[PDB]
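A single chain, nothing else alongside it, follows as structure tokens in the form deposited without this ligand.
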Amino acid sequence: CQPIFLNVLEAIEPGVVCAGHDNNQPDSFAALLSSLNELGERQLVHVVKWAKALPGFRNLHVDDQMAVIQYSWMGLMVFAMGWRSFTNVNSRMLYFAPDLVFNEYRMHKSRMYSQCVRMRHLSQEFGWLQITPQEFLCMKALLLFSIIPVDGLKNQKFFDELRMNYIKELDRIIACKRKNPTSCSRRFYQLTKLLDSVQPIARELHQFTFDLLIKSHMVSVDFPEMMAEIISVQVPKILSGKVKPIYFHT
């Protein structure tokens, strides 16, 4: 029951990343979405660096390393975002960045109102569930290993070993605080269900961004190339079902 794994996750947790949005200019659909894309791009860099420092991660095949990242990035972003929205604005608003927060007016002006409401649900679960900052970190890590191609990775064996241990860490951080037996058996059920909620949501964001990408040109929203590239190559595989989420309760 020693904190070594937790020290690592807290040690690697990324810092405050600013979107670089002009909060002194009147709201707009394209200015809100272009900023979200620039924010996406910069948070990807962090995710890249955050992931490569994970216990066991660097033993995975290079492409597999690069793959689970691209496939799971949206869900990590949504999940982290929902956490910031819980600890910073008590879930009523979406804390994408300190300088890019969505009040209800923006959720609508940006035209992601329905997805926004879905993400706000998520941010609200943290509250109703009483997620400890430790359960959070463990879950955010596990998410990375939550979405894989339908055959497998070019060495599925290790991924599956990595995935199994992270589950154990999550199990550890539950049994290493309060009650036992029925209390933590159900506390585990609850979190895995919570983990599962991220996928549908991430799915929706995937659909939207892809659509936003093909429309981009004629609707003046800008996409940073690294991201534009991931949306156009890796995202289609998810929307088409060639890469699928791994649920706990399927």
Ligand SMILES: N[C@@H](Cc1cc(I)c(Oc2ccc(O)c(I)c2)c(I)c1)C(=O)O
Second form
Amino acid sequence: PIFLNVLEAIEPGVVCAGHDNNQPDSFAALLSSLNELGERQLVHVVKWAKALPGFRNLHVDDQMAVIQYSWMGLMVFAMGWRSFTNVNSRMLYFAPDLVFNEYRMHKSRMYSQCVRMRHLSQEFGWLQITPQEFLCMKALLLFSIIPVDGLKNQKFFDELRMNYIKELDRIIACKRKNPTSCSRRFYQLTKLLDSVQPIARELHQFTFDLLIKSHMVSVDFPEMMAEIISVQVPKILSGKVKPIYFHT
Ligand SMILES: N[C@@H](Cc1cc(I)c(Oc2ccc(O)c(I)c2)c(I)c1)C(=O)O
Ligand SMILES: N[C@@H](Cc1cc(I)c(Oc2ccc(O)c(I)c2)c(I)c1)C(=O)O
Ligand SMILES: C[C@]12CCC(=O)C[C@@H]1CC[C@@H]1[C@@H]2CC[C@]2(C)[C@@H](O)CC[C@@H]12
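Provide the structure of the form deposited with this ligand bound, given the form deposited without this ligand shown above.
What follows is the whole complex; the chain from before opens it.
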């Protein structure tokens, strides 16, 4: 189908972080690389979003809003996928040049968060998530977080989102044969998507605090990276911007 072709086509390619694996794994060096990777990934996310069906129909302000609020969840989701299809979730495959092993997970001073990220990665396994489900779920994540007071034009966003959820449906009901597994599959996926929010929330908090102490730990934050984390992220940690959960 058309929709499925677009998603597969606009799917971003490999992206390096530019990490110098020749230097010892120090906290400053590791995170500074993750921020750079984030900055770079942000560029591919914006283009990816613009090329998304119906995205260019939202108010220009909302387009930048939804992107600045869910960039974390998206990247984290895609990261788990790579880790799953690249190294069987054994390690966090952030980038071909920035892979995290047990040691690095500790050195990054955010081991626990990595554990959850890996749990998310492994999820792609037991749930036998197909490439089609992944693409659709990831896109649906773009419309998974907005301000409590709605966007510039909620009416459209609600319909755009609704139209993306129906896609997930068609996808889910494009191979099934029974009414049981089909209705259950939707439950499993919607749950998987919701499990992403909690993780992104911890990373949002961590990066925020890291930015504030950036100069005290010698960690560098790219331009756009520091501008979003100091303006958009705070809105989420303060409760002004909240994620959209399928379940309670
Ligand atoms: N020119 C591109 C799209 C493109 C459009 C815009 I407005 C951009 O501005 C920013 C700057 C910082 C941010 O955090 C965000 I989100 C967006 C960028 I960077 C790229 C294309 O045509 O694919
Ligand atoms: N289901 C179709 C693709 C299809 C996907 C989506 I997201 C749609 O949502 C809207 C709604 C209002 C808009 O202005 C725009 I632009 C898109 C529609 I309408 C159709 C296919 O598979 O060919
Ligand atoms: C989104 C990124 C970078 C892109 C990716 O593959 C997932 C990964 C998850 C951890 C993020 C990192 C970007 C930089 C952050 C936000 C650090 O400041 C702390 C947590 C890091």
